[PDB]
Amino acid sequence: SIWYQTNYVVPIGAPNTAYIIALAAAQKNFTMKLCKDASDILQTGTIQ
Amino acid sequence: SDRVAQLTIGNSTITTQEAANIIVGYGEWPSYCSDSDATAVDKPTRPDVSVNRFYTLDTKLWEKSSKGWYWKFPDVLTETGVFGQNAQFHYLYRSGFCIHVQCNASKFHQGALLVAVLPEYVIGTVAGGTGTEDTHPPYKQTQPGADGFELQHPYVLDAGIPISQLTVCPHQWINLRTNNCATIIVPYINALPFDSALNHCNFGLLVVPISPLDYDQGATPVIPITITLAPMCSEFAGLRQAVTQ
Amino acid sequence: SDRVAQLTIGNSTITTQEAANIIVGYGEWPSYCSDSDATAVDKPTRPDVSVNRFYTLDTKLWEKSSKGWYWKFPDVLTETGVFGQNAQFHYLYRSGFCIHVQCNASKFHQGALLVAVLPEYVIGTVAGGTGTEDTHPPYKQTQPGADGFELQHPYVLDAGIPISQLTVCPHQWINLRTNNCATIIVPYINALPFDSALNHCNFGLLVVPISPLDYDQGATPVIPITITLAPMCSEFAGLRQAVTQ
Amino acid sequence: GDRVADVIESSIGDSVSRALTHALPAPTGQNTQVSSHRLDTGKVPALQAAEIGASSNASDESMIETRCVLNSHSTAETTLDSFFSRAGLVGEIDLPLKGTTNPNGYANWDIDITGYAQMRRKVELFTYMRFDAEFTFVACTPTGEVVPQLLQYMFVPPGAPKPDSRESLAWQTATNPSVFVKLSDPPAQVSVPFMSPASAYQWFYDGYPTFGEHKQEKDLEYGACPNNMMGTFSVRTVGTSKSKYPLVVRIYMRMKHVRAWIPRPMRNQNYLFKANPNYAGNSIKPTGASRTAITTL
Amino acid sequence: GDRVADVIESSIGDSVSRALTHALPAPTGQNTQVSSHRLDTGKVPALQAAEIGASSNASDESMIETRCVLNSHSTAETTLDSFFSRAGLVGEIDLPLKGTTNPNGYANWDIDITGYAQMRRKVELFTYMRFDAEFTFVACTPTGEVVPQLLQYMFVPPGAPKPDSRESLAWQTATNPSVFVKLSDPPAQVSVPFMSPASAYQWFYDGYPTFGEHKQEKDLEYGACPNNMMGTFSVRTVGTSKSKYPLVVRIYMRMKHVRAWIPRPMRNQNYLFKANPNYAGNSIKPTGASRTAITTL
Amino acid sequence: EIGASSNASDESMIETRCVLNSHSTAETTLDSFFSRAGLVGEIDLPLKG
Amino acid sequence: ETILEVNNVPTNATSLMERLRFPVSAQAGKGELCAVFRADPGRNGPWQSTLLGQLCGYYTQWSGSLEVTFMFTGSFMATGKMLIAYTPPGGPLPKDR
Ligand SMILES: CCO/N=C/c1ccc(OCCCCCN2CCN(c3ccncc3)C2=O)cc1
Ligand SMILES: CCO/N=C/c1ccc(OCCCCCN2CCN(c3ccncc3)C2=O)cc1
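Residue numbers (the UniProt record's numbering), protein chains in the order written: chain A, 518 to 565; chain B, 79 to 323; chain C, 79 to 323; chain D, 566 to 862; chain E, 566 to 862; chain F, 616 to 664; chain G, 373 to 469.
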């Protein structure tokens, strides 16, 4: 959860709304196991 | 390289890109009570990471007419997290504190807050105005909890003493054009090795605007001041049932 | 010299002058989780003396017609003292236990209680009597708290298994003509290094009369059975707000 | 750095669990030693105190005069692998033609071996078990006939799409393991590793899988531990048209490389459901045969 | 014994408080060094950042061209003992003949020195103080006359019976210390040790002495710390009949062997009561003199 | 903006304990991920079609 | 690192790009909530936009710590302090800061 600790402050002349972009990844202690098929199958009918 | 900082303790981390160094009150770091200073015989409990962490307790709005506020320690935390539980279940308590007061604005706002720590901050009353009435401050004013309390007469710190000399105490200033936070580390201060977290407040935290907040019409007018603090080297002893006061 | 004993842990001490030794479940003492068995990365909190102490939680009255009772661990303690607070504020928990069941009478009373510890004590229902209804035991029956719960059909331990074989689990007997207490030490038992103190009960404590209480008219008829227990090597991790379930 | 004495002399953090007992080699039954008559005061082997919780330590030698017997009877057949590494029925799948259940030529079996009493009672002697296994699949028609039909078996781990028909795209099986075999071929057979997220599977879980209020409608999840749910086993006749024959697939499991912990009382009431230890309350029977009097055979 | 790494590398228990500063000998004021002109970029002594919380480190030498001055001005008169070891009035006791207050020839004085502003303001510069003291008792009539009268002064520690009359049995003084002296003798004088149960007395105690609800009627005890209450000082004319003269006893205190901690702002509003820092709200005055404009003297 | 991923680790963001991690990375090698047979073609040889 | 679609609400074609970023703006200092999301990487939701979430879909089990880096794209003159919290299992959605 993300909360306002204080506030977004800006002077006269700058936009009152701005955006945040979030980038995610795993740390170096991350591993995966038990190979399986993905939940999606990106095809409706036959691919021609 | 003195303006940038990271405070990590327990499972909490604070960052700042406009700091003004760090003050270590009276020049000494918090430490546990030695075997020769101690007097109580039971083995203490030292919870470590579950109580020595940052707690963000309150936010006040700084206004052109604000007078200033104060909070009492350890009162502000007696009802919060694992720290509070330990303070309630135990008769004896001791700890240091890392206080981090936050307030950011813009390069077009101005103002300066004096942030100080005053040990044994005893509150006085106006004695019925004429000084003939021997009134006393009510519990909600001496131990305001997490909401803190607003000063009635900041010039005399509601205690008959000059705020002009408050800088003789560990302090920092939040001068908007310079920094956006104050960080003060305080060791345990008392004439006893341990004491009650409920009956006795070791010190008060004062945040008072000395140079009033100002900005031009159109700039963000809501300028919050947030209080975050972390107990350090907490120790508890004299276990029994939980008591709130 | 085997009949006499003193158990001291934290600020609590238990004495007995009619013991029958002490059982150390599965032959091993409680210990903290090693760095290679562990998986969670945060530094744990190990409160020590404030949580590893004796708690006297409940007293039941033994009667000529009693069927027996059970309590679940750590459920019995989740709402008591500093231990409970830690179990509520943390996701992860682990600990061992020292269980001391007490029951004294007179050299003219008789009867025998089987006191045992059964890991992963899953409760079953009578399936609507006919066995065609797939009923399930309600929360108050699977995690009865400190009051424990009375067995409906002790012969099958309310789970389709013979109480006649319960002695394959760590146990002691309280045979009135011999001893007035049972002491069992249990190490942490689970397939994981830490787990939730709220969602999972590692084991159940069963106290069941196998040889019924008896005495002649005129002898004290009120024979209590008291449950006292102490967590050992308690560790907690995954701190956040307190949660009761 | 530390300094106050109680911290220095602390045992907080000891990770080595002190064990009061240790294993000894025992390939054969114990021998019997020659013993003679003992007429002593003070020495009393026959007297015990069951209250302590231990079993009697009295031996043949001290209760009667014994001869010497060199016992070379093996203890090998009672090891966990000897007891468990014998394949038994744990699942059955029906693929009928015109039926109520699977009239679509495919079926999804939830991997749970608790539907059969023989096997279930054996594993439930222990609380925690860790093991690898060999699964064998025996297929034939309901009369035991063998027909020229091709099948596909696919292991669908939790999170992988379960086929919803004989023609589901999921049978492309690009990552899941599948086995293609004819009913006429010998039974298909594969090795399965220990797949739980936990260090061991557990036949009993006294708790709930999630937090929250555990109200009436959720009590079906008491005792459910995801660490035991390994997934789905799906089977289909390989084709776009319905098969000409009704099939039955019997699933046999043979555990190997077994480790077990915490023994418990063995089931003495009939099993009713897979997910729980429910017993029929109106038919609680004694564990064994009974007689008319304690003084007669 | 310990074993998990986090316990071994723990600092829990460190009792040695690391100090960032240390005292240096300073018997005289600092000297001034010769300095010359500096015309540098990068070096900037005059610029500071008061926000940090420290005082300016700029010195004479770097702000102007200075000569050398060998300063031998002593710093001895500003030590705590120099400042405090001067006797001042801290109590006054009246023993009138026909009066309102003590018309019985005896009086009990509560040992509290906060009733006199000069002394009080000085000690209140510090939060905690530990010291021994020399008390002197000056007695005479209201006109300053000396009469041939014998008095008895008795120190009554907390818990000892306070005399309730000139003839109280408590004056037997078998254990309490008493002083018998004539008004004609020089002022009585004694040494008093540091008697608190705490390591230091404290002029400010932000708290309550007991647990419980701190309702209106109990707010008089806010700030009251028993560690500061050393007892009662009782005085009586020694006799069974009323004295012929009215007396006044002035009590002077001279601290010695002083230690003090935590300095604080000095009182800038008149004192009203002994027990608290109450000030008259309608008369809050500036700390000092004022002028009409900031641009004029 | 630099284009690199964060180099912040658990150790510097919270107080951590020691954990000896022996979880294998073998199943995420290219051969582990790809060496599993999957359908890639289908051919029909009907009678009357 | 790949972009996490915290703002996974818009669904019409012309607004799809808005899922890649979420807003912050001047408030009324009541420590208001800005956004929330489950940390579960292999679950339906925001993580599906990440390469981690997708690769994660080819495995049944995972283990390890994760990291989310937030980049502020407001003007240079804008300032502010945000509190980002991770609530381990068992703790319900925090009602307040
Ligand atoms: C090409 C496909 O071939 N794969 C076949 C296959 C066979 C078995 C398989 O996994 C078998 C795992 C058996 C685990 C049985 N357990 C573990 C514990 N448990 C359980 C059941 C009910 N309550 C508690 C635990 C179980 O039922 C996976 C694939
Ligand atoms: C034969 C009798 O002679 N004894 C004389 C005597 C004189 C002084 C005496 O004790 C003097 C102790 C002075 C301590 C004054 N303090 C300690 C701190 N304190 C205080 C007062 C109000 N608020 C906080 C602290 C004080 O008023 C005992 C005996």
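Keep in mind the hints are simulated off the structure, nothing from the lab.
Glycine residues also receive a C-beta, built at the ideal position from the N, C-alpha and C atoms.
Check the hints yourself; a few may be wrong.
[Said to hold, decoys possible] Using 20 Å as the maximum straight-line C-alpha spacing, the simulated SDA-like pairs for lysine to any residue come out as follows:
1. 839(E) - 242(B)
2. 185(C) - 245(C)
3. 545(A) - 664(F)
4. 550(A) - 434(G)
5. 185(C) - 615(D)
6. 821(E) - 795(E)
7. 550(A) - 615(D)
8. 687(E) - 242(B)
9. 467(G) - 322(C)
10. 663(E) - 729(E)
11. 663(E) - 673(E)
12. 185(B) - 438(G)
13. 142(B) - 83(B)
14. 185(B) - 532(A)
15. 138(B) - 402(G)
16. 545(A) - 707(D)
17. 545(A) - 627(F)
18. 142(B) - 528(A)
19. 550(A) - 627(F)
20. 850(D) - 208(C)
21. 550(A) - 697(D)
22. 550(A) - 648(F)
[To be verified] For the chain G half of the interface with chain F, some residues (derived, Cβ under 8 Å), not all of them:
23. 426
24. 437
25. 439
26. 447
27. 468
Results of checking the hints against the structure:
Between residue 839(E) and residue 242(B), the direct Cα distance comes to roughly 24 Å. Violation of the 20 Å bound is thereby established for this hinted pair. Distance restraint check for residue 185(C) and residue 245(C): the Cα-Cα separation of roughly 26 Å exceeds the 20 Å cut-off, and the hinted pair is therefore not satisfied. About 57 Å separates the Cα atoms of residue 545(A) and residue 664(F), which puts this hinted pair outside 20 Å; it is violated. Between residue 550(A) and residue 434(G), the direct Cα distance comes to roughly 6 Å. Compliance with the 20 Å bound is thereby established for this hinted pair.
The hinted pair formed by residue 185(C) and residue 615(D) meets the criterion: a straight-line CA distance of about 19 Å does not exceed 20 Å. Simply put, residue 821(E) and residue 795(E) have alpha-carbon atoms about 17 Å apart, close enough for the 20 Å limit, and the pair holds. Between residue 550(A) and residue 615(D) the CA atoms are separated by roughly 49 Å; this puts the pair beyond 20 Å, and the hint is violated. Taking the CA atoms of residue 687(E) and residue 242(B), the gap is near 18 Å; set against the 20 Å cutoff, the hint holds.
Between the alpha carbons of residue 467(G) and residue 322(C) the distance comes to roughly 16 Å, so the proposed pair stays at or under 20 Å and holds. A hinted pair counts as satisfied when its Cα atoms are at most 20 Å apart, and residue 663(E) with residue 729(E) qualifies at roughly 18 Å. Distance hint between residue 663(E) and residue 673(E) is fulfilled; the C-alpha atoms sit about 18 Å from each other, no more than 20 Å. With a C-alpha separation of about 36 Å, the suggested pairing of residue 185(B) with residue 438(G) is violated against the 20 Å cut-off.
Of the supplied pair hints, the one linking residue 142(B) and residue 83(B) is violated, its CA atoms being roughly 29 Å apart against a limit of 20 Å. Taking the CA atoms of residue 185(B) and residue 532(A), the gap is near 15 Å; set against the 20 Å cutoff, the hint holds. About 9 Å separates the Cα atoms of residue 138(B) and residue 402(G), which keeps this hinted pair within 20 Å; it holds. Simply put, residue 545(A) and residue 707(D) have alpha-carbon atoms about 54 Å apart, too far for the 20 Å limit, and the pair is violated.
Between residue 545(A) and residue 627(F) the CA atoms are separated by roughly 14 Å; this keeps the pair inside 20 Å, and the hint holds. For the hint linking residue 142(B) to residue 528(A), the alpha-carbon distance of about 16 Å falls within 20 Å, and the restraint holds. With a C-alpha separation of about 27 Å, the suggested pair residue 550(A) and residue 627(F) falls outside the 20 Å cut-off, and the hint is violated. Taking the CA atoms of residue 850(D) and residue 208(C), the gap is near 13 Å; set against the 20 Å cutoff, the hint holds.
For the hint linking residue 550(A) to residue 697(D), the alpha-carbon distance of about 16 Å falls within 20 Å, and the restraint holds. This hinted pair checks out: residue 550(A) and residue 648(F) have alpha carbons roughly 11 Å apart, not beyond 20 Å. At a threshold of 8 Å, the smallest CB-CB gap from residue 426(G) to chain F is about 13 Å, leaving the interface hint violated. Evaluation of the residue 437(G) hint against chain F yields a held restraint, the C-beta minimum of about 5 Å falling below 8 Å.
Nearest Cβ of chain F to the Cβ of residue 439(G): about 6 Å, under the 8 Å cut. The hint holds. Violation of the interface hint for residue 447(G) is found here, the shortest Cβ-Cβ separation to chain F being roughly 15 Å, above the 8 Å cut-off. Given the 8 Å rule on beta carbons, the hint for residue 468(G) is violated: about 22 Å separates it from the nearest Cβ of chain F.
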